[PDB]
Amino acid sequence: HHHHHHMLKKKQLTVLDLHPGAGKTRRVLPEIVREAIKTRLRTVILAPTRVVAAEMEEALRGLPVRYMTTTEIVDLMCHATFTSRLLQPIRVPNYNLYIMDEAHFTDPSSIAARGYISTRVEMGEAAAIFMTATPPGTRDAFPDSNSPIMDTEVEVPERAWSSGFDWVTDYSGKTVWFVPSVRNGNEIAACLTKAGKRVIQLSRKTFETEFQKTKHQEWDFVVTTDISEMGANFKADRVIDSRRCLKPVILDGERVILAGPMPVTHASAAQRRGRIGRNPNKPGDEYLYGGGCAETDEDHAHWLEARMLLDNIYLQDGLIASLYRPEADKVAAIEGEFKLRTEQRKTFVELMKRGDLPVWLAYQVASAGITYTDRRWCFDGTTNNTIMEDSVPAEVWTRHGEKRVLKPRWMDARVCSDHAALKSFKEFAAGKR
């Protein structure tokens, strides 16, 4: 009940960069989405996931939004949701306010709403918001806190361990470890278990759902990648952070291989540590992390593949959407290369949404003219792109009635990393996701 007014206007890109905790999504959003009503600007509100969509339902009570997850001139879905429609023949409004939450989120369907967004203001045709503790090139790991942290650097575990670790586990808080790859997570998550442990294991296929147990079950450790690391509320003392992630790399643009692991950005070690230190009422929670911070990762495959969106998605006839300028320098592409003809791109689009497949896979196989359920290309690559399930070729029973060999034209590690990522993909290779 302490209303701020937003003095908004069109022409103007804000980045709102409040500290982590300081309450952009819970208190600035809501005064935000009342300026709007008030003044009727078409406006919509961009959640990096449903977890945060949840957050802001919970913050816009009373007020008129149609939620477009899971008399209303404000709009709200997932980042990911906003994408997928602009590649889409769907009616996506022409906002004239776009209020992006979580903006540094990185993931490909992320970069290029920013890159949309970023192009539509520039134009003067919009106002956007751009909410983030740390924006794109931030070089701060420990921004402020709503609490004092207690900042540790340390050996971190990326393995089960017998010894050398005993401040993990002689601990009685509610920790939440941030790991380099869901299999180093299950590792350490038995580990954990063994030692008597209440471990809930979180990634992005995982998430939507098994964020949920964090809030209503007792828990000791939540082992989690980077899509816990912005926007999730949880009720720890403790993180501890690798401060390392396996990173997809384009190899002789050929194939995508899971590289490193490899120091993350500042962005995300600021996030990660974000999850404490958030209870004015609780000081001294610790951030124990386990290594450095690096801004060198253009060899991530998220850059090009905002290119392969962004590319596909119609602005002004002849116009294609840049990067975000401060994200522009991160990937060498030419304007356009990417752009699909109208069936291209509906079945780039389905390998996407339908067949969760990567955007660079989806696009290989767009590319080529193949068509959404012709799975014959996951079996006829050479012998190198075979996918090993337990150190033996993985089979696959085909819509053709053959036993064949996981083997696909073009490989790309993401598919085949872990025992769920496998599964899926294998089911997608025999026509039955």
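Residue numbers count along the first chain shown, from 1. Whichever C-alpha set is largest while still superposing within 1.5 Å between the two forms counts as the rigid core. What changes on going to the form solved in complex with the RNA:
Comparing the two forms between the two forms on the rigid core, the single residue of 106, 96, 203, 84 with a CA shift of 2 Å or greater is 203.
After superposition on the rigid core, the Cα atom of residue 299 is displaced by less than 2 Å between the two forms. Residue 241 is among the residues whose C-alpha shifts by 2 Å or more between the two forms once the rigid core is aligned. Residue 213 is among the residues whose C-alpha shifts by 2 Å or more between the two forms once the rigid core is aligned.
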Given for the second form:
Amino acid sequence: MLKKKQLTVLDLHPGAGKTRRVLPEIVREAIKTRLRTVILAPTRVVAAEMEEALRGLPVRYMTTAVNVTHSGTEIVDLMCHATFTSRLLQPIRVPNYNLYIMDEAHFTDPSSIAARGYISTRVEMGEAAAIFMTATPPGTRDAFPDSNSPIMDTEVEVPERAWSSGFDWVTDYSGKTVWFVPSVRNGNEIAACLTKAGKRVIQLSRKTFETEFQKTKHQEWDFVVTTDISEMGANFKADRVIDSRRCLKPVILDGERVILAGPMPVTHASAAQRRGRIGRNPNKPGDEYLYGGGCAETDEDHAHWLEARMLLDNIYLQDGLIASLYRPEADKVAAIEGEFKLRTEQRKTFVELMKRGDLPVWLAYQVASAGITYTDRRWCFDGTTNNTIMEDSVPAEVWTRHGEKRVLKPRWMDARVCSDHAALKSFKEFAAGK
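With the form solved without the RNA in hand, show me what the form solved in complex with the RNA looks like.
Keep in mind that what follows is only the chain, not its partners or any molecules around it.
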């Protein structure tokens, strides 16, 4: 019933064939019933996996993650969640899709949350149908979904720093382990400890994934030590997961600044994705998930919820209507719809700051709502002293567009612009006008 103007949530457990089996079945039916359809992948890596499953079916890939020959007659488009939301913020022709399919519809990136709000609103207006696919539908707080094989779940004291004794079960194990850590720095410490104990370790994060993930498929390894990059798009031939049950997330303090808070407890959805790396083979019983604490009861602290509202308040629907967040996650923010709707010129600035500046949503919003123009970078240098950005333990400096060397000290502090080397490099280029 794809023509029915309703939202279907497909709760598809890890390993149940969401991409390899269910998605092609949906897409074939959409094509046969001549429905203009958009497929929303959470990441480039997942978009490339979808192309393998959809090979032969006529799909227009709107991502450079895939390069196949298009016929020009395709009625099914595929793009990443954030591409979709970005396109909604531009004064562009928003195509009139009859059917929206979102894979990994638990994803709490602010563009993903915004996309679900836009899509569910369109469905509630009678304008479209949608399908949301995930192991953990928004609203559901279960960390232990079904699996292809039974998983032994055991809560234990999980080491979170290098250890010299007291965790023998970690290194006495004869199988292969995927270990989820909150940060790159924390994983480097655990990995070094394991390597000293004689184990073969591969480390995964956003920065290293392209090169290192392939090694997990082609080299022998004992441990994969990974951030939450491996919650989506990543599968392993493993027998055990060790889970800190911790992550780092951006949090807005006092409405005034953003910190990268934590390590803090992961959500149920993320814990389910982490556990879901094992128990995948019905012919390989006995896989184990060893976890270190509870999941987050509260989630409303994360900045992504307010950021999603900032995006949605600035996406034009016909006649200036504003979309709501998807209902099961609408209570995660306490703001009235339209609070963050910017007037025309400031809205253009906000959009440009995000798309060309690569600024976080919250930061882009502060600058745009201040009346600052996109190209005026004075604000990067005129904050209070406690906003001075440090690099190698001394104040970071930039050569500006005006040929002066100035200390980086932004008027609004968002820790995401300087929390790793790539982010700081980008923000320095921004501050320089380059």
